[PDB]
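J.: Each chain, written out:
2 protein chains.
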Amino acid sequence: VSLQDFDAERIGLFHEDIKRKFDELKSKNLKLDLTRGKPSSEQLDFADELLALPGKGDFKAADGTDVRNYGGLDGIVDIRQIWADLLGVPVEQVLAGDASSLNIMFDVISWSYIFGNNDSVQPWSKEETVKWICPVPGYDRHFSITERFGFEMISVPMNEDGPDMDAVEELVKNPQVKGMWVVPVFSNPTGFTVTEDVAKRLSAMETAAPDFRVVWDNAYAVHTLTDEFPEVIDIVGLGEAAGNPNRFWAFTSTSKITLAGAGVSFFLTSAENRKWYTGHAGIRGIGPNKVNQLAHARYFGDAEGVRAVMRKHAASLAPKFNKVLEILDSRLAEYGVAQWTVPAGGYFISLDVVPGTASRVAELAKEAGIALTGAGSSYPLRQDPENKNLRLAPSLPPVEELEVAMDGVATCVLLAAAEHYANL
Amino acid sequence: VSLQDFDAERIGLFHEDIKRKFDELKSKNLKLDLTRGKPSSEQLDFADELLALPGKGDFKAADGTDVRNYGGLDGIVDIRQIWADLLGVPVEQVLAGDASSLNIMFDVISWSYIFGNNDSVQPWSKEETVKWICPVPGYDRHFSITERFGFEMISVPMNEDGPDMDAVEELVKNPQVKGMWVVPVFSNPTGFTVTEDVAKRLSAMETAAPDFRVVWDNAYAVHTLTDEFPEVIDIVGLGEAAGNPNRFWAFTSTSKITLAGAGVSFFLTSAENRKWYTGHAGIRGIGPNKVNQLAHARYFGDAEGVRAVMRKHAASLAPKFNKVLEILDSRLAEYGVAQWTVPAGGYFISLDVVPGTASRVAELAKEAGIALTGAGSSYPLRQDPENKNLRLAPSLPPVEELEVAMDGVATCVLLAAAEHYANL
Ligand SMILES: Cc1ncc(COP(=O)(O)O)c(C=O)c1O
Ligand SMILES: Cc1ncc(COP(=O)(O)O)c(C=O)c1O
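Protein chains in written order, with the deposited numbering: chain A, 4 to 427; chain B, 4 to 427.
If you are wondering where the hints come from, they were derived from the structure by calculation, not from laboratory data.
Heads up, some of the hints might be wrong.
All copies of an identical chain are treated as equivalent in the list; a pair is satisfied when it fits inside any one copy or across any two copies.
[Stated by the list, open to error] With a cut-off of at most 27 Å between alpha-carbon atoms, the simulated BS3-like pairs for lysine-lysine come out as follows: (1) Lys41 x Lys278; (2) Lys41 x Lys59; (3) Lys34 x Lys63; (4) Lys63 x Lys41; (5) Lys24 x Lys34; (6) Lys391 x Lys203.
All chains should be built: construct the whole structure from the sequences, respecting the hints.
T.: Rendered as structure tokens:
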């Protein structure tokens, strides 16, 4: 019997039962935080050597470029080739920037708004209405960019194999629709991964806008919890093969590989998109930081060197995800109140509680000294229409803290569920 | 006797002789370049240690921030404080960014265009016409930004004490005029420096636009050629004292102090302007590269350490400027065909030749294998109405190449002038 099928008296009693546990949880006086989707100090220690790279006397890229001096908008060949080899794409596709791929995403959107993109009839700022496809649950920092530009964000379900392509293929037939966000591998926060079939559908679909763009933000391209690395779909190539070469603006970075905020970002896109981008970037400045790019190239040496680092991250993160999953199972399984993802990579676990209770869960956790990301945080304008989803971030705390914190979260899920069904 | 005073016969003899020298110059098959204000490899060698900084295990800012991990939009206190001490301003004024000040100048104009600034009644995108004041000769990369945005650029003289304030003060009465560029110390390319009197006038003037900004791009704030450091006017503080606290967006950077394109940029402005800036920068991303900021704080240690570096730069650069000036004196002075700046600091000499001939001098030079910046490059839209100005960049080449290159340039000046007088 799930809680929802408890009779009126049984759920009342269950409510009194679980409230005793909640009282015990509060008497612990916890101060714990499950909100931070960032690497732990242990993981940042792996790149300690990078703090001393590229090192005295070592300032030449593989083509002879003095990385210390001005110029070059594309990034240095050394780091571009490593990433091309890692991702299995032609090097010509790859541009290497500064330390933030979000910065580049914002820029390409803002330039499409101001100037138009290379396929635009006119700039997006001339449109009465710009709409933007948002697979949910998704990444708050993506949705914040589109919200700040005033675009009407239209949600679609993020499914196990990627965004619901029936819904997307329909929505893009509206010319107001100028693009879409997706995190295609270990998606933030669902852990779901776009299949080859879904990528093909995104690549071949017809859009009403001539200048429609998919942001393919492959932020977790190599970020496995296991020994297996996920497939890297050459999405820019798929767009080229389908006859929509300019469709995909693809990104990734080293922020959860080396240093979070001081890594190197990459922008992968078609020939025509890259000329558009560097023509605007060349007015914004002289070009990106080549020294940090050479530092990175030296640290990794080659693509296998990147995978070797990712195995260290996996070994550090795996027990943390395991603890969270173990606790959710032991406390909640029997009750039919919640569903959670079981990801094989990325930085998050996505938890769905009783619809109408996610805000209450986060409130109860807060009264108990446990910080959860708020209800709706993974949705545009922070509006989850079912008030059910919560994001869990296991990476930073030690396992002992995760155990305590999740045990408390589970109690909160149960109490909120008991309140909800008792009030019905 | 000046060349203009030669009679037909004497200018005909002079013309044949200088033409012969020019032919002799072309026969050398030179490949020399006086176009880019890039530090030499000798100057870049000074920061060899920075390639190893901040070094293994050293990753905490002075307030405890782990610089390896996400967050913080303002830059770290370590570098902000050093720059504050260097410039004699309160640390609260200073924001520290990534490796390009141009990126930030671009960004604040683009955001004023898109969103409006904090004093705007509406975005500049909604204006029929945006005008922008451009002291000339000035910096080509500034003008490119406002050209790219479609702003109508209105020229005013850059005089020895700064922009023509009688002209500026009149132009700013037009509400179409939204801002102005200035390089206020050792200006690119005149070497001129804004006086306290001119600064005060800029701070007190009445503008018809409520959201007018001066870009005070102090790229050469400490960039002495003589080891005497120029005055640092606290321009933000002067706007605050005059009752126009939001007027100034001030910038500087370490691109010509440490590593050109891998240094640290600074944005100095009022509390309300900083809040507006970081509000938008926080949507564009999670914040700047804190590791490079700590590397720079470790490299310099303090304000005096910055000043010691600048003295090394002066020792490297001063004999290159001196050689250029010696050649201009010995080849051109007697003929009354040219005038040039004699800068106490900065990266350039500004050369004015016979009006109507600058484009010809640059074409002659290019035929002879000597790259000069084109005619008009220090003017908006590359439009020098007198076709007389050329910019010379002595920093990159060794003195021996400067000698050869400048002797050639002088022969080009004289041939162009001889053609001009003979054609009358
Ligand atoms: C999907 C996604 N993209 C981008 C980022 C940030 O990347 P960067 O640090 O290169 O801006 C994150 C950080 O969590 C993320 O989850
Ligand atoms: C006036 C001026 N501003 C800004 C810059 C460069 O700024 P950054 O390298 O910090 O973009 C230069 C480069 O010399 C310059 O002459």
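J.: So, for every hint listed, does it hold in this structure?
T.: Okay, the hints, checked on the actual structure:
1. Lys41 x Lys278: between (33 Å within a copy, 25 Å between copies)
2. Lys41 x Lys59: between (30 Å within a copy, 21 Å between copies)
3. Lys34 x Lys63: Between. Shortest inter-copy distance 23 Å satisfies the 27 Å Cα cut-off; intra-copy 48 Å does not.
4. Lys63 x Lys41: This pair counts as between: shortest inter-copy Cα distance 17 Å, intra-copy 32 Å.
5. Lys24 x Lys34: For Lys24 and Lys34, only the intra-copy Cα distance (17 Å) is at most 27 Å; the inter-copy one is 82 Å.
6. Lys391 x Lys203: Neither. Shortest intra-copy (31 Å) and inter-copy (59 Å) distances fail the 27 Å Cα cut-off.
Hint violations for this structure: number 6 only, all remaining hints satisfied.
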